[PDB]
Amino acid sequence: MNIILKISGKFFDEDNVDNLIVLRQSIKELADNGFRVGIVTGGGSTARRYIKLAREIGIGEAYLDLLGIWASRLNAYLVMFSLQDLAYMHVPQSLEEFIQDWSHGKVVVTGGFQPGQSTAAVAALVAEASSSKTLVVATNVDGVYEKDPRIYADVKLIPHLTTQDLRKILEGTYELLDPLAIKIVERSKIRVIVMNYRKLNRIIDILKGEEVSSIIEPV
């Protein structure tokens, strides 16, 4: 079926050929398992770096967001140019445009759409519009934690939880599933799989629940 893959921005800040090489194989691996793949790429450091520079000279919040969006699109193009042929050569700039590009039956790579949200929201929207039952959020963490492994000791990894639990835990910045994202995944009952992009090579396993991952169930 259809599946949306949200690649965290950090993924591009790293500068190591192996990242793209592996993401590319996994996009193929997912393909050879009868999977249509949509990919959303975040802005990463390029985004933050420009948002800061822009903010420094007083650029309004709306425009700071656009800069982050454009930065996320630059990453989108990078992913796409390595997916060449395999992907539809256009980076939709709105959900409506995505819906169109998705018609062509190839992989579609997206960046941001609108100010006031994050690529997480985009991933949700795109997942909903593409009838994807699963939204994989590949980030630099292994999964979801009750508090924060960085600041609290032995906060064991929650391999399963609902949009309710994730709400209490979370109870241009973000989260991982900002408000709009959660709202969308819930109304369209899309399950979110948080995993480490280091394991994109074991995505097929992740999807069928055989590897370190956190699955958020809609409720």
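Residue numbers count along the first chain shown, from 1. Heads up, when I say rigid core I mean the largest set of C-alphas that superpose within 1.5 Å between the two forms. Compared with the form deposited in another entry:
Superposition of the core reveals a Cα shift of 2 Å or more for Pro149 between these two forms.
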Given for the second form:
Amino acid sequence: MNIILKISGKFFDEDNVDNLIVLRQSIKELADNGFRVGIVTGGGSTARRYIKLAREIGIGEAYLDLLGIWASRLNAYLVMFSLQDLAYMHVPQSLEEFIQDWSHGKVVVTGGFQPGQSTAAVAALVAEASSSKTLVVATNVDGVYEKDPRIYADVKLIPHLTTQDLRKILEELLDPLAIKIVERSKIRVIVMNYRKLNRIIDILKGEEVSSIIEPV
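Please move on to the form deposited in another entry, as the form deposited in one PDB entry is already shown.
No partners, no molecules, just the chain.
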């Protein structure tokens, strides 16, 4: 079974050894349970700092996105280096390169690809290219809520929903490209807290707090 894990950039902002460790464990563990794993890393606050500074000097939007992409790639190298023998030792820069890299039978870690999208879209593209039926989005909230839970207090986690529900809820988590891709290739998305990465197998069994998004 092939699975893709998107790791929120916020995971890297914590500057917390435990995050990396728990991720390392989780990949080792998925492997032992017969999964091939691809990982996509977000840009986080590093991306936002570089983007903000570049924007203030008039750097255009393409190049701003590219700085965000390089920040995401820095996080990809960190993860890749933490996996040593498990991972193919190259961070692909495009979907085309990911396909080549995935051919080596090992874990592949990637950052961004192209301006105008997020790393959630990259995770979807990479899930599609690897025939992964499940994309896990490991982020800093427990699942999908009615509204953004870091604005709105007492908002309820939605354990099971569709991509058409999600679109309405979102009007970052998943961008338009990500949703288009998971819909056309019928990829199931699980949104979970990265804190619960130590419990990843239980989440895939549906035993633990998460949101499951069905493609329609």
